[PDB]
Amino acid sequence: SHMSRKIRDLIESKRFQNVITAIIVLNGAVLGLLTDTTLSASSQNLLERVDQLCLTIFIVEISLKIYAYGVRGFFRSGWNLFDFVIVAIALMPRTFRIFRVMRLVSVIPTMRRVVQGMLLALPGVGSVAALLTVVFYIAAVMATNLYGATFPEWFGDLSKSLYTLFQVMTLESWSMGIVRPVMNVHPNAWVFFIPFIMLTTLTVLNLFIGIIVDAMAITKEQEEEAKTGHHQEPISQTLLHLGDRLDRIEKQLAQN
């Protein structure tokens, strides 16, 4: 229909995106002002009405999209489903309303592309992340059995051990706060903690670098495709096509 097509063009315009972005920012500002515990009853009531107005504008925006794309066509996108859930959970009584400021990511295409690159890079580091998880679990069981009776606040149970080993991997007071006090009772505890630090810092840096390198390459391809319609072909494909042109001319020269 012509009407649904005029609505799609309104939705996909730069001005509509700018208005929705401004309402997300306004809603985020009123939720930030609502943290101020010194506000008067009238000021709080006013800010709650601005929040209610912002939420109504998002309802109109979402309904406008579902009509212009169709129920199955709208829910086909993960970003639209996210926008729908974020707005729908506010209707029908979580206390974390500030999470709808995440709509700045879903509404702005360049920010959406950064997050997409990070999410798409996750499967590729799954085995490095599983290796770190295995090391953490093994270390937490060992630390609990080794130090739980003598240092129960840090290692009294599996949950406590996982927490203090995460602190140890981040290098936060690992020695003055944790390992020197442990070594006063268990002199060889450095044999456990120093290899734990070497392994986890190497593995977490491998995990982070793997995410970053891949996310940057995916996002760069997505930026190229969003502007020109296509991305730069990999150097391997360029060299493959160069070799194909050489086979075509070699078959020639030989007998032609």
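Numbering follows the first chain given and starts at 1. Whichever C-alpha set is largest while still superposing within 1.5 Å between the two forms counts as the rigid core. Shifts are known only where both forms have a C-alpha. What changes on going to the form deposited in another entry:
- Aligning the rigid core between these two forms and inspecting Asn45, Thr35, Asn188, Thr228, the C-alpha positions shift by 2 Å or more at one residue, which is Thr228.
- Superposition of the core reveals a Cα shift of 2 Å or more for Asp244 between these two forms.
- Core-superposed difference between these two forms: one segment of three or more residues with every CA shifted 2 Å or more, namely 223-256.
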Contents of the next structure:
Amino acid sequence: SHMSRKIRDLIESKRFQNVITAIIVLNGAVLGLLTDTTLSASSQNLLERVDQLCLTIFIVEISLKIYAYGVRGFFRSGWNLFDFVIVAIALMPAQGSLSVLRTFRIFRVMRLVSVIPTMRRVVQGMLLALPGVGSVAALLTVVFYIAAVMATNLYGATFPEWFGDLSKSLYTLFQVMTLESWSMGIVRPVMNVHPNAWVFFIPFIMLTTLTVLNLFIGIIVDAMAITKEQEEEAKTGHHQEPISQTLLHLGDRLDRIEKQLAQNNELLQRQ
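Switch from the form deposited in one PDB entry, shown above, to the form deposited in another entry and output its structure.
Excluded here are partners and other molecules; the one chain stands alone.
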């Protein structure tokens, strides 16, 4: 069909992307103005209608995309499903979920990420970098769980606001890890009752700050190489060898070329 063809040409254009980006910024700005409690009844009603206009433009946009690519074709992309959910969640007459309320209309600004390709690639790098740090994130989870059970048993009876239960302990252990008032606010007061409390919190700080930094460095380094390798694949179209694989087999590739040079020289000297 010619109708689905020219609609895709329109959707894939730079101006269409710019119009949709402009509407996201406009929706974002109206939601920001609506945080102002002093605004008049007319000013609020006006901005709410501008929010309604922005929302309807997105319904036209998504419906135009579903028709032009097909239900299966549109939903083949994770970015499209995200775009679909962000907009479709607004058209909901009552929902039965384990969430508070959908008053967070501002999450629509997250579409700037999906609509801008350079920003889409950054998040892509970060998400693809997550599986590779799963074991470190799990190790940190185990350290926190063990630590929380210990802290609850040791300090909960004497310090109930900070360690009274497992939930309170997880919260103040996260605070200790971020180094936030860990000594003047938590451990110096706890040491006044339990003088050897530093045997618990100092190794806890040393271990968690090292593991967290490991988790962050792991993500930053992979995400940086993934984003870079994706660009070399979104230019040449050829598959890019992962930098780690190049580095692992570098020595192997060097001795093979060395040995092939000597045997070629061995046959060259005697002809």
